[PDB]
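**Q** Now for the letters of each chain:
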Amino acid sequence: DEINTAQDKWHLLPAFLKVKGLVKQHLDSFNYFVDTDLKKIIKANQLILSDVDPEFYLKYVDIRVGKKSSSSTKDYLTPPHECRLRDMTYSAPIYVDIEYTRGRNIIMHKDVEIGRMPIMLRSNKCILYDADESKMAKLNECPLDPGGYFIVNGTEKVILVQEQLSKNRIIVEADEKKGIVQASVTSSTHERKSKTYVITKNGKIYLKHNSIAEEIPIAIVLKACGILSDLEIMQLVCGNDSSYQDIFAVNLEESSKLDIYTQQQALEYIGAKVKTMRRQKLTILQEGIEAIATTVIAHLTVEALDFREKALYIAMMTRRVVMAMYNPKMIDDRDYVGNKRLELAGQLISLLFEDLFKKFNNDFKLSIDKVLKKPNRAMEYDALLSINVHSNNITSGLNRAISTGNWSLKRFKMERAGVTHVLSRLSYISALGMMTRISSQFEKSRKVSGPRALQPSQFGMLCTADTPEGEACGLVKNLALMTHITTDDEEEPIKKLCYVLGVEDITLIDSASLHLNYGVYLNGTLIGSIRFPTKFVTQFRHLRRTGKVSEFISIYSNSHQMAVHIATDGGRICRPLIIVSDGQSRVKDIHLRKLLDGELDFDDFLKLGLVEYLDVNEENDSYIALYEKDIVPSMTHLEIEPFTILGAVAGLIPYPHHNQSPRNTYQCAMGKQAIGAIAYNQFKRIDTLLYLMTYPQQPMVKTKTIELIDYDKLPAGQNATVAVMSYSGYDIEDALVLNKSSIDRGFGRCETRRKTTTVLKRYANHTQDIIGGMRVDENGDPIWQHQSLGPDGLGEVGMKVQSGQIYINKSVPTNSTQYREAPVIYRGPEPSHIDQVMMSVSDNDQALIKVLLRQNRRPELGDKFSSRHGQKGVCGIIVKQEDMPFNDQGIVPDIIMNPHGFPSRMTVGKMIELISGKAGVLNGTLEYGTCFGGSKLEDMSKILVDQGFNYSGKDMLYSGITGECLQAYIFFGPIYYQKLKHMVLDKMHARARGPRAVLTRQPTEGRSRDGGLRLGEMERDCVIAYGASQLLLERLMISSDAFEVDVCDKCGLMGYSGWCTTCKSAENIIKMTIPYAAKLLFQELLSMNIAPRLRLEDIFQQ
Amino acid sequence: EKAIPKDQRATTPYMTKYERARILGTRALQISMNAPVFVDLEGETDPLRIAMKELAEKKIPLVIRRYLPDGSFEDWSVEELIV
Amino acid sequence: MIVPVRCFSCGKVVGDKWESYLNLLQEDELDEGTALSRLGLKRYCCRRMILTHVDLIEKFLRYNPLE
Amino acid sequence: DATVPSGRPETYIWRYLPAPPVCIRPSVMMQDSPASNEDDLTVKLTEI
Ligand SMILES: [Zn+2]
Ligand SMILES: [Zn+2]
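Chains as they are written, first to last, in the entry's author numbering: chain B, 36 to 851, 864 to 1149; chain F, 71 to 153; chain J, 1 to 67; chain A, 245 to 292.
The hints are simulated quantities; they were obtained by calculation from the structure and are not laboratory data. Think of the CB as a built atom: it goes at the ideal place given N, C-alpha and C, for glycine as much as any other residue. Among these hints, one or two may not hold up.
Computed list of chain J residues with no C-beta within reach of chain B, every gap over 12 Å [said to hold, decoys possible]:
id : residue
1  : 16
2  : 19
3  : 22
4  : 23
5  : 27
6  : 28
7  : 37
8  : 53
Stretches of chain J that chain B covers, calculated by requiring three or more beta carbons in the stretch to come under 8 Å of a beta carbon on chain B [stated by the list, open to error]:
id : stretch
9  : 7-15
10 : 29-36
11 : 55-67
Make a model of the complete structure from these sequences and hints.
**A** Structure (structure tokens):
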């Protein structure tokens, strides 16, 4: 069949995904780190020197990860699955070349390991790179596993993509009753700061830096930065517009109000306000201190005597302020997607390793000074034993930062938490969706909902449905399917190109003509102005399409702010788009024919100028067509596939465009909790928790996404025969009816595997734990507590354990000769089965035991199920097959779901899924429910009619309990249903009496600790409103903490054992019951200087 | 500290829900403490249900002391409190 | 993992038809629909039991630990 | 109110510290190290 561009341009998405997988932000960022950023750190910190012994130095020449020069191969890395099993870190050694001087003028190289680098999965240094599923089988790794995380101490940790406002860029915001402040958060490679900028009063404009004592008025700083004419000031910040002149004139007047100014007078004024530098270089306290102040006021570091660049930057800052004061709506949305950047794992580890390497070099220099401070016999030979010992600190910090998520960077000075999370193993989709997950910047004042709303500018860049529920609702975002994140490329060769293309430098530009032409900005900085801004943009775009500049540079033109903007920084979100030229697409299906034939992989569509990346800002300048049919000859691009606006998780939904959006969001939530297949090595894995479906089925109605992400290879769910009808009355309010005898035959049958890890730790007193045990009775059989224990003292593989039995008989020394028993006891309401006992050793010659407890689980009453459309609900009743309604062929539903769930949730996608699945099973083909597409309803109805069924999927059933025809036709067909991780067996908890808090003598607060249910202030309020005083007393005093205290009648102070121990009389001591919380509060108040003396009276005597 | 004489009484002659609940609780506690019951059980063992039966027969030997906010009180037997 | 012995809804034995269905697909190739109809799977429940099954056991056996 | 003893204002200046009972600041058993772990109020009164 001939290739049709309209319906075959979608293959560019699989072409893009082949070389640029879903987990590629992490992958590329980490490869960039380990390949170039490590060299960058080692070349920044290349030499360390000592005050003493000047004829001596240490040089860091080269840096490498995982390879030596001795052999062509890399070093043996313990494979990542073995690292997972043995609770160690998947890391490769960092090798450097050291030039340390010998005392006899000898120069040599070396290959010295300075630590272990935690290697991300499936990166360049990872052993699973370019493996063919056969080496993956040999390495016990899943070929479908996403990669892009770290194994540190055996746990899978992922550095989530970080959202944050773009640095080095001007942001202007207004406010009500306070004034207009607009900042430029500028970050250097060693110093980050924000040049705040607000209007204090009277329309007066000020510059507010942290290092500056008081906000310097704007005319002062403008005069300081070389622009000292006080007319060109108003010309730069005001142009020819009349309103801005009077808006700005007040701070022009102030400039002479204090004292008339030269440049150096303003410079001295600025320098007088600099705070401190930790009292070093005290001899700089002069007019020259302002030079460092202005050098470290922004990213526009000045190394000469020309201040034009910073002057024009501050003038634009001011002019944006003046525009905002003239009228609001000239501000930028802080939630616009074009104003945010995504930090990635490689960048995070780059800065973390830079900090750790600075610490390492400081400590190495300290050790060198301590060694070489000795007067005599300063033998230089083997001066590297210190670094051999000292290599542990880099590894320790690098591992611990990933393990805990707290990143203590002393140099850059902030403490961030939650940088890493444990990779979720509830489902394959759960893991893949934890990949491509974005966490937004904290300290956001969550009381408001600015960065919680969904923006139109995130179309195609962030998934429009995968936003989580409950508390971080709108704070955690997910990447769309077809997306790229730009990488930092050098800006200097683009400035020269801009000058070539007609941009005249600002130093060649005068103030009076600056706001008469468009001004060209490179990363927010005015590099110059150009005539023909649209021609310049077109020529730049032609150069980028012909590959003369990097494909990731973005160029767009703002008309309100007369500017041509060129962005080269990394972290910008972009997506590919077909270029539409002269009203026609550039692909024209010959390229598509080549692409399916094998030629022209996705990169060649970029080299050929047929497809280009667009960031959010260029989309302002673009005009995209969704389809080839509505290409008007004024549009600039054409969507490859519009279903890519949903992420990986939202692609599990059949016909999502037929659903209300909250249903799609809730399915994005529940699909990550669905129970199913995890990996091809799931039975070789030993995880803290794992839910597995016994008989997972691929959905009958699938999408393009689920096969692009291999969801049909490890599915999580089953195609239940569903009758949509009211039945038994046990299906009201999301409750489901489950077929008994479908559960008998294995429908919904899952299992849970839990691991328990113990370490036989050695101690200082040459002593360690042992695992002996299995005592017997007088008849030779073991005691019941050891019924499944084995001679080794570790649970027998395959035997059952009930509650109270031991599967690990560990004993701990009493002087840690004599061992006290500390065995691991199974505490489970239902028995488990030992299916894997792993006996191994950690990296520190310490015995390691891991026991996997497997437990089959029948679907029961209260187990939660969901159906890919946000329609969740527990099993309300399980009924016999004969009581279930049946059709002519005797087909009987596995699940009955209420019709009342459809009208209000408005999930038409679920009905279309039922019909498409029915037509698909009857036709022998899996159907498609892709977003904005899928199998047409008329085709499915035609298939249904051809096979003898109603076109609308409504068959006539008979009642299973009366046998008669149901008076209404029942929507009958297969629907994919997922069993969710929330089972009633792990939620059923009940406590009568038991463990109590030591401090407060109240019931414990955990289900594993036999905890009680807290009766909060709200329930106390409800019981009060009922007027039930005795119930209040019983619930809050009798059944929680009842203490018989001794209270003296003379002094209102609690006694003990009928003794006041303050008057020492025991005559006035009274016995009463009060909350132990009240007793604790009184004893705490007596610890402070409060005496809460209790006065008593008789209840009786009236 | 002064009981209103029975001949005149300002409080309501009807039993409140709180009065009924507290009377049932007190009577059930007494029965659970092996107090004699003045109703025919017909094989009932629950003290609460025995107390409800006595209340239905109006054979509960308790009076309600309703204190007015001014400190006085008027006594109402369970029998005379109409439901 | 492996083909279920019975259809979840009817109870008809479908675990003895997996290999025959695979052989119908490979040797003397048929459409999936006619291959399901050739085996006797008339009801759409028995049809989906075979059509939507994912044979994960063949993938799990690639990690057999007692070779 | 100076009717009762301890109504004198000078008693409001910290002179005697009533160190709380051990039940007020329980010392937990076998955390991390085999040795018992103390708590904040105990440490502060030790330093005082
Ligand atoms: Zn006393
Ligand atoms: Zn069947």
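**Q** Residue 22 of chain J clear of chain B by more than 12 Å, beta carbon to beta carbon?
**A** The claim holds: residue 22 of chain J sits with its nearest Cβ about 14 Å from chain B, beyond 12 Å.
**Q** Given as covered by chain B, does the stretch 29-36 of chain J meet the bar of three residues or more with CB within less than 8 Å?
**A** holds (count 6)
**Q** Against chain B, does residue 23 of chain J keep a CB gap of more than 12 Å to every residue?
**A** holds, 16 Å
**Q** Would the least Cβ to Cβ distance between residue 28 of chain J and chain B come out above 12 Å?
**A** holds, 16 Å
**Q** Decide, holds or violated, for the assertion that all CB atoms of chain B are farther than 12 Å from the CB of residue 19 of chain J.
**A** holds, 17 Å
**Q** Are at least 3 residues of the stretch 55-67 of chain J within less than 8 Å of chain B when you compare beta carbons?
**A** It holds: at least three residues are needed, and the stretch 55-67 of chain J offers 6 whose Cβ sits within less than 8 Å of chain B.
**Q** Please verify that the nearest CB of chain B lies beyond 12 Å from residue 37 of chain J's CB.
**A** violated, 8 Å
**Q** The output says residue 53 of chain J does not contact chain B. Does that hold with a beta carbon cutoff of 12 Å?
**A** violated, 6 Å
**Q** Is the claim that residue 27 of chain J lies outside the interface with chain B correct, judged by CB distances over 12 Å?
**A** holds, 18 Å
**Q** Over 12 Å to the closest beta carbon of chain B is the bar; see if residue 16 of chain J clears it.
**A** holds, 15 Å
**Q** Okay, the stretch 7-15 of chain J and chain B, do three or more residues pass the C-beta test at under 8 Å?
**A** holds (count 5)
In summary, the structure is inconsistent with hints 7 and 8 from the numbered list given earlier, while agreeing with the others.
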